[PDB]
Amino acid sequence: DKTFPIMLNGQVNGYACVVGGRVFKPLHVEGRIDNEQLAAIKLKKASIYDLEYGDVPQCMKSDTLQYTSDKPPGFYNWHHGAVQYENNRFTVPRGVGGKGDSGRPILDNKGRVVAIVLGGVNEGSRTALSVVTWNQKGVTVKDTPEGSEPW
Amino acid sequence: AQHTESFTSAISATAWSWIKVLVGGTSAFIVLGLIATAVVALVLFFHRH
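Sequence lines, in order, name chains C and A. The numbering of the first sequence is the authors' numbering, which starts it at 1 and goes up by one. The numbering of the second sequence is the authors' numbering, which starts it at 393 and goes up by one.
These aren't lab readings, by the way, just hints derived from the structure by calculation. No false leads were slipped in.
So these bits of chain C aren't anywhere near chain A, every CB distance computed over 12 Å: (1) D1; (2) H79; (3) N122.
Here are a few chain C residues that face chain A, going by a calculated C-beta distance under 10 Å: (4) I48; (5) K137; (6) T140; (7) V141.
Computed, partial: chain C to chain A, Cβ under 10 Å: (8) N135; (9) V139; (10) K142; (11) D143.
All C-beta atoms, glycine included, are put in the ideal place defined by N, C-alpha and C.
Please model the complete structure; the sequences and the hints are all you need to start from.
Pasting the structure below:
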């Protein structure tokens, strides 16, 4: 497994994932990672992007997801199904995902992580997602639709 | 004394030089920090746009 749930009192508050050799989790997700190998890692607070990160242990280096900055318009996969990306916006049908789903990765047709979900906005029949993505030059950026609620 | 002493009467040229360096250096160092903070904010802005 490359995604690990985060639980504070036994309920799932969010998910953590290993991307590119780093462990990622949102700042707003409280609790401990079920994997003690990751929970014991001291994480840096990247308040610029609402993400905590650390170095993957050598024993966990094999459980790493590849990422890419090449995210053309189309459909992407995640734990709840397909995700549609257009006009520099990530969108899912309304009711697909909610509180507790932040930190899930979005994968392309080759299994490469293209984004990490932080939250979203319900726009009628579709829900727009707040995601952390890399621009056309591969630089990490945070995309936040106005009024997005952290999940 | 036939004269009148003032607050700055005793401050020598070397004393003013050190005061200017200490005041100027600390002020310049503060401005460097503020400028770098503002410049990086623009760098991050261009990253999103």
